[PDB]
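To begin, one chain is listed below as structure tokens, in the form solved without the named molecule.
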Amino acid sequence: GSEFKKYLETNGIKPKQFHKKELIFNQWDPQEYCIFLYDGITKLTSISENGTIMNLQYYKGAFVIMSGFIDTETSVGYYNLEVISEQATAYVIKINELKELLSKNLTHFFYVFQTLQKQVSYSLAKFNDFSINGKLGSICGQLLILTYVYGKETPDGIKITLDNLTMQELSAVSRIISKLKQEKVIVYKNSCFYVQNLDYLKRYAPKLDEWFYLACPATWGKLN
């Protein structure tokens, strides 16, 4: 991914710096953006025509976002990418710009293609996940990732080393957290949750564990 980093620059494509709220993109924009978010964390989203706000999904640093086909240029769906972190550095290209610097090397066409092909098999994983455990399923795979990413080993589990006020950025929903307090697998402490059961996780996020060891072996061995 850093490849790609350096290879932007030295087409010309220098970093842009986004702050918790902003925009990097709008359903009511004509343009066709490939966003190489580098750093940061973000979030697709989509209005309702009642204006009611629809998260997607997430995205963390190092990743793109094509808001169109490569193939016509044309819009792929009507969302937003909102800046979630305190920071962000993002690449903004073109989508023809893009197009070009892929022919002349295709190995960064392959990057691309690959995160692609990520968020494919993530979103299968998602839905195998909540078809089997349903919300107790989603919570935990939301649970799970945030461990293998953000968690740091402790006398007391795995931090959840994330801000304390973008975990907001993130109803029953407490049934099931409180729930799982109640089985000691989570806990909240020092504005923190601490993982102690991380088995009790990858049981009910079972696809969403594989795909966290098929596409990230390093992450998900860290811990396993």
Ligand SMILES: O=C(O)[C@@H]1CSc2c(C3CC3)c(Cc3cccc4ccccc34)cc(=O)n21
Given for the second form:
There are 2 protein chains.
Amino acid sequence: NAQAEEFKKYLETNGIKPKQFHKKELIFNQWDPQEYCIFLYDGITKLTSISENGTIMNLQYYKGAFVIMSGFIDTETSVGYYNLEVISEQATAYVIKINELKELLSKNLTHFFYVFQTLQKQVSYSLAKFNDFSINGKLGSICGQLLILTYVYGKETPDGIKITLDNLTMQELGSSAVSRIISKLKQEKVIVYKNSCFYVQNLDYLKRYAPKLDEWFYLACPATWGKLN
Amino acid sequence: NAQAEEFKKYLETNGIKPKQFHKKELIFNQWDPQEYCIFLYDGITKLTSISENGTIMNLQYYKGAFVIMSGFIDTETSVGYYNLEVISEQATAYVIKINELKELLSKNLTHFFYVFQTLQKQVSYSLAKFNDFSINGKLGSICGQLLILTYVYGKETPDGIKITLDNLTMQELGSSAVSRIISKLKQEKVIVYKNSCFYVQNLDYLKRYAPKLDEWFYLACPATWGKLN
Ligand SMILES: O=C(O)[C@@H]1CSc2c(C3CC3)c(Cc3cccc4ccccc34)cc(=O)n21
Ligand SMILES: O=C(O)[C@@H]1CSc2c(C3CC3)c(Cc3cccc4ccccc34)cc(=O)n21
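The block above covers the form solved without the named molecule; next, return the form solved in complex with the named molecule.
Then the entire complex follows, led off by the chain already shown.
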């Protein structure tokens, strides 16, 4: 990822320091009155929300390299009250106060375009995710998440496509319908737990029920989309 | 909105003329290889997708003033295959090719920050609606749709809070489960349909089953929010 490495070197040049985090750590949480811009350089995270009675809802997953913002770039108001939690064993992130960001981007348009693009990818990603929900219900959503996991962590092997993630991360990613659906897929040999990993066979089935996410990845990450097609 | 008028002027300074469109026109369509930046200024539109078997998925609805983009500003490549379709009677929209946009934003960052912040509102908007549907099901959706109508088109009346839309537009966007929900909201007199118009008289019930959208209106459109609170 060329833009990402360039954005790292730009942040470090401007004196911004990389912070290590550990699983279950919160890079920011939903009560913080400091709005941040997080450049997640390495790791896997989830955006969660905590409702008033304390039940946790998982909203979105992110992966390095990527930008996540808790405030609006001009106002430096919260965009929404959320937590960003680390779910891989480690993660590396550059934490930037919102207003510092405005300055950093103002003085370099290339980086500004890059950050802007990361927003565009979230917007196109949620359109595609809503599309596949609209057609195939939860089946759209499970397949969609399995498909991206495969494109991003799948190693072609005679065994199929191995999803290269130690199990703890897979458990952090994953009800009635679910069990019955995840059932159906195992039953149908789309995925297999063999040799202690998931291995994916019917990539075509994933693509069928999550078509828009297939397209979205093709446009967003073409080089990666090519390696399994 | 202030930022909205000023970007309209900047666009006309740089020679972008408003193009008028009428109900059911495609502002752009998915096969068009030209990536665009649509600044919807007035009217209502919807983004749609066309799955292969030909069914038209409604993905999102938009209201002037707002920004819709069909290419990534950095690589200038397609963000997806979409159609942008008018559903109001007429709408005012400035259509800018993606390369010309990038130049316009590059020479005035104020406007760059406005467009950037517009996509940020779009990101958290869809997370908020998703939080509400995951927590409260269709009651969360329905209560979200009506909350939306209320803030944007809610004109306070003795009869309560009227929804100021020609009732063919209403009728353009609007099942078994749905009717059980509206059946109840009509019975408990949270909404009243009289004189062929919707009215709202318990704003606080809606805020209960859609607390993330309510919270989103507050952080992203405080002016609108505060008017009704
Ligand atoms: O990392 C990237 O540049 C690409 C392009 S934008 C994106 C996303 C979208 C949230 C913005 C995701 C999210 C995602 C989807 C499905 C499974 C995931 C598993 C782990 C982490 C994130 C996941 C993933 C992703 O790779 N990308
Ligand atoms: O609001 C819009 O103009 C579109 C059309 S109705 C909708 C929703 C639904 C709650 C009513 C959402 C939220 C949402 C629900 C279910 C699955 C989702 C999957 C991904 C993202 C959001 C999801 C978002 C949204 O944009 N819209």
